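J.: Listed below, chain by chain, are the residues.
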Amino acid sequence: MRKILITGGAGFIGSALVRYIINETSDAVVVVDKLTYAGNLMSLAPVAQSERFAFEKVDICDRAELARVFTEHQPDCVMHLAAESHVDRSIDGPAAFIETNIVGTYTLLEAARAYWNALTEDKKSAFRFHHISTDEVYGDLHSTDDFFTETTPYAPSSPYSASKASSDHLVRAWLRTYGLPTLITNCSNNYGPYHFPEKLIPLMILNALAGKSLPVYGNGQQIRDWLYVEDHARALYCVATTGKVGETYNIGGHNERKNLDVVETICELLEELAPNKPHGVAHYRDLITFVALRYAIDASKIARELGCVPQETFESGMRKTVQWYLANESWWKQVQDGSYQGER
Amino acid sequence: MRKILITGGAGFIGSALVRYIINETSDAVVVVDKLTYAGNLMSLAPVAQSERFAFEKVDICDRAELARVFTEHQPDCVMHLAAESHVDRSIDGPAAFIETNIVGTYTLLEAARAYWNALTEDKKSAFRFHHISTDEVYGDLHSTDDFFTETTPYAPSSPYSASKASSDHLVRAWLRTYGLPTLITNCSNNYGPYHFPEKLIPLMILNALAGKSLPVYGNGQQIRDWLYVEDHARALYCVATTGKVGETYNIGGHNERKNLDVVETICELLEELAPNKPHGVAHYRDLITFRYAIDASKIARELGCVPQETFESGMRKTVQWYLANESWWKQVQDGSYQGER
Ligand SMILES: NC(=O)c1ccc[n+]([C@@H]2O[C@H](COP(=O)([O-])OP(=O)(O)OC[C@H]3O[C@@H](n4cnc5c(N)ncnc54)[C@H](O)[C@@H]3O)[C@@H](O)[C@H]2O)c1
Ligand SMILES: NC(=O)c1ccc[n+]([C@@H]2O[C@H](COP(=O)([O-])OP(=O)(O)OC[C@H]3O[C@@H](n4cnc5c(N)ncnc54)[C@H](O)[C@@H]3O)[C@@H](O)[C@H]2O)c1
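Chains as they are written, first to last, in PDB author numbering: chain B, 401 to 692, 699 to 750; chain A, 1 to 290, 300 to 350.
Hints listed in this document are in silico derivations from the structure and should not be mistaken for laboratory results. Treat the hints with care, since some could be wrong.
Below, simulated SDA-like cross-link-like pairs (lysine to any residue); rule was C-alpha separation at most 25 Å, straight line [claimed, not checked]:
#1 244(A) x 557(B)
#2 457(B) x 57(A)
#3 199(A) x 93(A)
#4 57(A) x 491(B)
Over 10 Å on every C-beta distance to chain A, these chain B residues come out as not near it, computed from the model [what the hints assert, rightly or not]:
#5 527
#6 558
#7 574
Cβ atoms here follow ideal geometry from the backbone N, Cα and C, with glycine treated the same way.
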């Protein structure tokens with residue numbers, strides 16, 4: 401029984417990983433999540449009553465609390481997903497994205513290093529530190545036939561991605577300097593169940609259901625690779641448990657879809673699944689408003711080496727996602743309510 | 001006349017830049033240095049009396065103080081050389097290298113943003129944020145014919161290089177994101193005047209003058225490009241005043257020299273400049289016991314800024330300096346330098 405420590409385990413992706421591990425594995429988990437606006441205990445509820453489940457409300461920047469957790473749970477592995485996507489003001493000190501993403505990764509690295517360093521030769525060679533990053537570190541694509549590979553130079557363009565790139569550099573340097581067994585995975589845009597209402601996909605669905613404008617910028621021609629949450633979760637576990645130390649692996653949905661395609665799809669699916677439309681709406685597609699870049703990943707390394715390929719298609723994943731929303735209204739509503747935060 | 005704000009101005013490279021500006025330009029400076037072990041006010045003494053000189057003992061991590069400095073001095077340009085080279089453990093909070101190198105670059109970027117955002121359009125466009133980095137961000141070279149170019153992919157191998165790479169990222173992102181006019185320079189290993197005694201080149205000189213062993217490790221065949229501090233300073237001012245927003249420029253000595261070379265060169269130089277050998281020392285050489302190159306064509310091509318000295322030329326000047334400035338290095342070794350003006 402593997403004990404896995406997962407940071408940001410109460411977030412979108414992290415929660416999916418947790419549900420997977422408990423539902424489709426015999427392993428155990430320890431969730432480390434400070435519970436920001438982004439965290440949601442309701443997404444964990446499904447597997448919260450499990451014996452192999454443990455939760456620690458800790459801040460990755462709290463070295464002491466961190467050491468404790470490591471001491472108490474003795475994880476065999478760490479999967480680092482905790483991160484801040486908001487870029488707040490700098491008027492009162494360093495923003496959270498700098499602290500969490502860069503400072504917090506450093507702290508976690510040091511806390512693990514300490515732990516690892518005191519492990520028996522046996523537990524020592526087996527330990528693994530898995531860092532989750534983003535494909536935004538690769539910057540921009542300068543062609544229509546180029547893809548992001550694990551060897552694309554870094555060229556982060558936003559504070560947030562610059563923040564993530566830094567974390568990656570740190571993770572890589574600990575291994576090379578101190579020998580800490582680290583690995584990294586970069587992924588594309590994820591979508592799926594338990595995705596926050598204000599996000600793109602979920603937003604569209606919900607607005608449509610509400611009979612609200614479906615804002616689409618530019619030509620709506622921006623292309624993205626969409627990776628289904630569940631598929632992401634599966635690949636993470638794979639990389640962790642079988643992935644090779646010092647290696648990086650990109651993880652993608654194996655697709656390229658334009659933004660308009662995304663909205664159309666949702667509309668098309670809604671017509672079928674949500675026949676009865678909002679007041680004074682002929683067709684959902686009537687809501688698409690034009691209030692006017700390509701990003702695609704090459705996940706062949708992982709497929710080749712680890713043999714783990716996505717199980718869904720844009721189409722199958724989208725359908726599932728739309729059904730989820732219609733089925734799990736209590737969730738999204740609680741989140742919109744804000745009442746989710748105050749949950750136990 | 002431009003008012004340039006230089007962070008780390010009391011450091012090795014920084015002090016050489018300050019001296020150059022005062023001595024060979026008509027511009028003014030505002031030095032921002034917290035004065036850690038690496039800082040030395042004495043390296044600034046020679047020009048400290050100019051009315052074009054200003055010093056602010058401020059930590060780049062202090063948002064309030066930075067705000068005060070920008071507001072009070074109103075620089076036209078920012079040259080950011082402050083960094084922490086020491087990597088130490090830290091059981092509570094981030095270590096200094098993290099705090100200063102990364103968090104501090106962010107702090108400075110935000111303080112500059114706030115300031116520039118309020119400048120008049122004309123001043124706004126003329127504003128420059130020049131960031132100094134290191135060629136260690138590039139990582140390792142795989143051949144013996146390959147050089148580091150501005151476009152080589154980043155692959156920082158150490159905590160420090162990692163911290164520098166991170167800083168580079170933030171600088172680039174600020175431009176792309178907020179429009180802050182930033183530019184970057186990466187350089188190789190510097191040597192020259194006012195270099196700390198504990199350092200390699202300076203160490204070699206002093207140990208030799210003191211009849212101590214000149215430890216040549218390996219076969220002493222590690223290759224490195226050496227850049228003369230003064231040449232570095234002139235290039236930085238050039239980039240900063242005539243460089244292109246959003247570009248990156250590598251700065252090198254235009255050489256490749258093996259460790260033994262260095263050492264031998266020093267000995268050979270002392271034998272001529274320091275004829276008066278130590279006690280029981282016939283020849284300096286007998287003291288001796290037992300790939301990183303940069304491509305700086307861009308800057309030379311576009312900016313036209315090329316190194317003025319040769320390894321030879323440079324080293325000669327370096328030794329002479331050491332011979333001529335015992336007060337300095339001694340006060341460093343003393344520790345008395347930390348209590349200067
Ligand atoms: N969502 C995507 O499309 C996506 C794409 C590429 C890469 N990634 C990466 O995957 C990870 C998961 O992303 P996500 O959307 O699931 O994030 P998320 O925002 O949904 O969840 C982040 C979780 O981390 C927690 N957290 C924040 N700072 C913390 C701190 N200091 N200490 C402890 N916990 C803290 C929050 O409470 C939250 O539950 C992130 O590292 C992200 O960079 C995400
Ligand atoms: N020296 C080299 O060979 C070299 C090579 C490549 C790149 N660089 C770059 O050149 C720049 C200067 O290097 P150096 O060797 O001259 O440095 P240094 O170590 O000699 O000087 C550092 C200076 O920064 C000041 N400083 C440090 N922390 C500070 C903080 N938080 N707030 C304010 N001031 C602070 C110190 O007081 C000191 O005066 C750096 O950014 C470095 O990465 C140096």
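J.: Are the hints correct? Go through all of them and say.
T.: So, going through the hints one by one against the coordinates:
As the CA atoms of residue 244(A) and residue 557(B) are separated by approximately 18 Å, the hinted pair is consistent with the 25 Å bound. Our distance criterion of 25 Å between C-alpha atoms is broken by residue 457(B) and residue 57(A), whose separation comes to about 40 Å. Distance check on the hinted pair: residue 199(A) and residue 93(A) sit about 29 Å apart at the alpha-carbon level, beyond 25 Å; violated. Note on residue 57(A) and residue 491(B): the hinted pairing holds, with a Cα-Cα distance of about 21 Å set against a maximum of 25 Å.
Chain A leaves residue 527(B) outside its interface by the beta-carbon criterion, the shortest separation being 20 Å against a cut-off of 10 Å. Some Cβ of chain A comes within 10 Å of the Cβ of residue 558(B); the nearest lies about 6 Å off, and the non-interface call is violated. Under the 10 Å C-beta cut-off, the non-interface status given to residue 574(B) relative to chain A is violated; the minimum distance is some 8 Å.
Violated hints for the displayed structure, listed by number in ascending order: 2, 3, 6, 7.
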